[PDB]
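Below you will find one chain, with nothing else, as structure tokens; this is the form solved without uridine-5'-diphosphate, and questions on how it binds or moves follow later.
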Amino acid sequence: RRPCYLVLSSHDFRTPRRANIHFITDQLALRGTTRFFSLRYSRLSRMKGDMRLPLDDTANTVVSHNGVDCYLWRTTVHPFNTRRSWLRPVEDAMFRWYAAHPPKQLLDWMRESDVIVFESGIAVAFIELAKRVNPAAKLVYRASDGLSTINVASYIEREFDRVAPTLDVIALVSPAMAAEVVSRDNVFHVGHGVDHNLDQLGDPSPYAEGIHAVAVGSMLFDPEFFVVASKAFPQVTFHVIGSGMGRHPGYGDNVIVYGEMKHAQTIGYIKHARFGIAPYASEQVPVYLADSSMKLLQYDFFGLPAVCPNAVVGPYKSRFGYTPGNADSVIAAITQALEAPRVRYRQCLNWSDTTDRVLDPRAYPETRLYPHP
């Protein structure tokens, strides 16, 4: 049915506020029958506060959502990194057990698929199974994150090293991820895409007169940034969108705090801002985050100058680094961003062109991270 796709991920396709894997899956759904099988969910997830808990009454059944067949697999317990070295044989046993007991629905979908996409993380544990069920299927690993950054259990790191050479495609969001990938000939660089109609979404402006700065998203969200920034720049209005928290009592009156916004509504706040902010509270982040940050990519699409921690400035112009918790550095970076010109320095492929490269990177030899054949 055109090519049939299966995506394996710890996301569920139905969870509001899409991550990169959702945007890719939207493109898959345009190309053929597309399935999204959600992993690492269990009765144990209830005690931990999993974002998929609203979908619990649909567990272990197929639900159609936006043209995609979705399945939230719920087991009694799921394997995880206990972060105790003495518990490693228990972990390994739990992971082996998990991988050894796939539901019939997963097996059927694997068999039916022409292409199986595994997102970095728990999906690693099912790569060998996929090869056994459907050796004809193209196996594509989408490295949204490095395994060590997401801190997967030892079992997952070892299994990925073991199976990585067997994958048809290892599609890294950033070349900085390649150092920890134990393979070469099948390793490619395919960054995140952007919406093909980003420029149509930006107009009209949500802002009136004056200087407006924007932050979108809740990742490592640092309210202390805005406590300092709002006081130091009373002439700037700070638009804090989808931060995952409310109005911190230290925010100046020049901070406007918004609830979660759908992707398309955020664009006007981004395009029409003077500068953007990625207020990550910690610099204990991978080198690849400069490339993989979805919010920084959106700013970059418009050439929006950005203020962000030093650790995520990376190989980019128009990003002004500060040290989280250091007020003077915050102030200095904003000062620089206010005077930075807007220039579209970064080339941003749309999601369709991005998906083309994730699926068939060998057709786009510029994606190769190792010597071309």
Given for the second form:
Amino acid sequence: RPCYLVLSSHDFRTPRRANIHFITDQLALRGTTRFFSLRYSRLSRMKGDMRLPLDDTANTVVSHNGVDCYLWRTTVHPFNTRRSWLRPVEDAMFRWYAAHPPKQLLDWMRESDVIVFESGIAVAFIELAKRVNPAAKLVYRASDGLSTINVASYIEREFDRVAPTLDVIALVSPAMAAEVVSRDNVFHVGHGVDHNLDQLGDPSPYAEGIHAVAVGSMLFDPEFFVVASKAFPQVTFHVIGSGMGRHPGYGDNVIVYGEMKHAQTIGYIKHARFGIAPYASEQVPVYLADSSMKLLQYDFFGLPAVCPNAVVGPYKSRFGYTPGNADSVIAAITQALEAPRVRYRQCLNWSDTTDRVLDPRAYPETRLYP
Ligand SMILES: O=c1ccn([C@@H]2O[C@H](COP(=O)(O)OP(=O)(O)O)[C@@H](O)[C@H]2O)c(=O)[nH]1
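Having seen the form solved without uridine-5'-diphosphate, could you give me the form solved in complex with uridine-5'-diphosphate?
Now the full complex is given, and it begins with the chain already shown.
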């Protein structure tokens, strides 16, 4: 119809939408779309899974925004124990998990024309997909490098083993290609933006003054704002969906917002003087410069950005600092305040991105290899 199946450790029903959600929306426009949510177990209650609100729907198909969703809940799920001595039990758990898919996965695999595997646990199901439906186009979407999200050795090995057999390896960033053991099926397809951004970004949420925006909780560093708010009393810092509340070190020029619907964030981005990607750590992959969603959204608007030096990457209008280093935070902001707004980055919309995720060979510029 084309029929799509997405395998991911996300669930489609989560309010926090990631890249795979935006792709899945596009898929849902193109045909019947299923989103099979992995790495969820009774153990998932021990540490604190964001999909727990969905638990009473586990192991059943739920429709959500035109997508058939299934949160697979096993008793235990396989994971990186991060103990090299536990690797043989890890491998056993992974093999077991992969050997016991629910019939619902098998049926959906069979019904699909296209199966999209997100980087991560979905790797464990690539071989299975090929056995169930060798006609399905198998599309790996590398939202992350495997080693960065620190998958179990099993997943890395399995990915290396099956990578050549994928129809598509769609890397968010060319920087991910070094750890992908395949070539001819490896493509660059960065994150999309909504087709709509410029419309969403009006009207302005801001009154007079200088407004800085940060959106998102990834590695959120409150210390950035502690320093920045003190150093720039004339700047209002709009801290949206940081995943935490009003840190006691924030000055009064910091406005802390709860989670905001993506569409509503856009005005705050479009009309800001500069944006901030306050990653607490520089222990981040080189690709984060490319794969950062907030930074892409700032870039869409040409919004000058302040971010750690490690995610400035190959980009203009990004002013790097060292986390924990007040002077560098201050120096970066001073620069971002004076930076012109220029749309340097070409940002395909989600539909055009999905086109390329699905059929990168039709868009030969996506090729990462001869
Ligand atoms: O309240 C919020 C916070 C997050 N975001 C969006 O969530 C995405 C991912 O944020 P995150 O910090 O997790 O990742 P990053 O942008 O740094 O990759 C970005 O598109 C933000 O626009 C949002 O729409 N509302």
